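Let's start with one chain on its own, the form deposited in one PDB entry, as structure tokens.
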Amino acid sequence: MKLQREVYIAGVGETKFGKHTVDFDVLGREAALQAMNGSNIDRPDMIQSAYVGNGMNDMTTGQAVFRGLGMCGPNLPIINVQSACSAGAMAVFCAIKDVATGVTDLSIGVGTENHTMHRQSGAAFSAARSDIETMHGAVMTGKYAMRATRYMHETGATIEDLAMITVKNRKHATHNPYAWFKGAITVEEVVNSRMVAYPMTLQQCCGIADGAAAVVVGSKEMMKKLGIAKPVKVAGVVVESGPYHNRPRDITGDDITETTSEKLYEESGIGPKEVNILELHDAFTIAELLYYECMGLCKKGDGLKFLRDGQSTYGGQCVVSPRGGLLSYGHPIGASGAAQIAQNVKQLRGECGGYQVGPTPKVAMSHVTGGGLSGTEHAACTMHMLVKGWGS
């Protein structure tokens, strides 16, 4: 979507991710308050619209989040959004759109989910409840695993190659207190963890996690009004739905990630080789590796070379998953799309301490999809391009 005027991110908020006993509304409130405090918002009557993403908790998630903050009322329209894993990013997108269009000057996007207090472990997520593949036993682990099986078949890549994605993402998360899993793990430990959906072992699968994040956005004047020192400019943001058909698509490509990232490059005027950090939908190791090529970070056929050469870690062309990705945070469906943005903002601002990317990134991209719909690789895709917005 082209932005009709400039839109900037002021404060962001993030909970620690993992197994929480407090529910989605508490997590969401904590992230939202953190984002408001980071925006020098000290009163319930300042934000002008709110969007809240969620997957499976509630039909009124945002009203539940804001209830205890005294912010629900006639001057805060709240709308909740869903597109499976895109929802947290779509919430920020909706907030951006309100500001860019002049419907508001100050809005907030929240993504939140609690899964673990509402389900039993020992089972994977199915596809959509009404989907034909769900009837036949589809689980999201196996849906991505099939992409790895085919990739291995076509390229000769081994399970040990795919495992390097977990090693790197966990390394990135080592000093990040928000991540669930982190630190040093070997290829051998990744590959010898229990098989989940061949060839995806446990440590190549994102966790089923709880967490929340929030992003306050506003106009250029509103940043100044609030005294925001390091406003982050939204250079572009794009939402697509996934092509549907029952033909034999190449699942080592990704129709919607390819077209969404190209549109983002075109609208923002920023090409893939200019992106310094990237948070993407690393729900499984194979996804990150495939998206190096789908997003144009490297040429066709060079995804594994890109990884092996260090181009997606510190010192390379683009640090991918610097917060640790979904493979370290786990993935609360409604939260991840907003959480990527909160951490990208902190990296742009130099605020990530022991996991801070150097040199400080100036351009940060994020990507979440959302699936379970037969005949689509993903039902939805949302990508944001963010850049430094404070001069020197």
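Residue numbers count along the first chain shown, from 1. What we label the rigid core is the largest C-alpha set whose atoms superpose within 1.5 Å from one form to the other. What changes on going to the form deposited in another entry:
Taking the core as reference between these two forms, the lone member of 221, 154, 266, 188 whose Cα moves by 2 Å or more is 154. The two forms, fitted on the rigid core, differ between these two forms by 2 Å or more at the CA of residue 138.
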The other form holds:
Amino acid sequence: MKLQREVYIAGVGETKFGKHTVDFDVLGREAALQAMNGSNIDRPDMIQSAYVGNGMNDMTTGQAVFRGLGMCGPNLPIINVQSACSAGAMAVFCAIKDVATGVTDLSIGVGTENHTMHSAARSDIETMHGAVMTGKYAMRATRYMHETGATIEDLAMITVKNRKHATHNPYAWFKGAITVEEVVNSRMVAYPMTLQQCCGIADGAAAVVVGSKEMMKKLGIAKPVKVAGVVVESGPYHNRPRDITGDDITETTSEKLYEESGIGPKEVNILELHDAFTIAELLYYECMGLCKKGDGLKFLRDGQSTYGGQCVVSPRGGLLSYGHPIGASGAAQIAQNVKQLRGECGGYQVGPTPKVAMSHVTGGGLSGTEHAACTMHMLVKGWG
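Next, give the form deposited in another entry, keeping in mind that what was shown is the form deposited in one PDB entry.
One chain, no partners, no other molecules: that is all that follows.
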């Protein structure tokens, strides 16, 4: 979506990700309050609109989130958004759209989910035949291994790297040192996907406050992060043979994001993507144009997706380290990308401070579709 006027990110909020004993509403409240305080918003009536992303908790997620902040009322139209895993990012997108069009000058996007305190019908043809998401992604890995000569050890390197990235991140769930051997030796789910190659189910929330250039000055934002672009697509449906080492929707979303923003994939310093499985990340180096068509394996092996490489991928530790609260991941990626651009990530801060940050989530996908949805943001340094 082309931005009719400039949109900047003010404060961001992020809860710890893991197993929580406080529900989605408390987590969402914690993340929205932090984003507001980070925007120099100490009072409930500054925000003009709110969009909240959730998957399975409630039909009125945002209203339950802002209830305890005294923000629900005639001055806060709240709309809750779903597209499985895309929800938290669509929440930020909807807030950005309100600002970009001049409907508002200041809005908030919240992504929240709590799973641990509490997918497709049998009528779906693949589900009838016994499909499981891990097996669907494992078929992408098996095909990639056949075409490139990639091994299960190469796939395991994604978990090793992303847990390494998360080591000094207090927000992450699983972090630190894990060897290739431990990842490869963990319980087989669907060959070649082992338990340590799959993102877990987690609880958490994140929030992003967006505003006009004038609103950034009004609020006294020191380091406003510019929204260079944001794209939402739905996934094409057909029953024809597809190159599953490709991703139809991720390829078209990323190319539309590059065309609209004027920023190419080679300029991206950090990238948060949908690493629900090790293979997803590895395939996305190619799908997003970080490298050429069969070069994802070489890109990983040469250290191009870690510290000192072309693009630090999953610097927060991704889904493989945070786990995946459906409604929260899309928003959480943006909150972490903003803090990396601001040089605020201490022990896990990316080396030459990044100036260009990209994020990607997908979500859903019935038989015949790669994913049901895709949301991608391009964020840049907006000060200096």
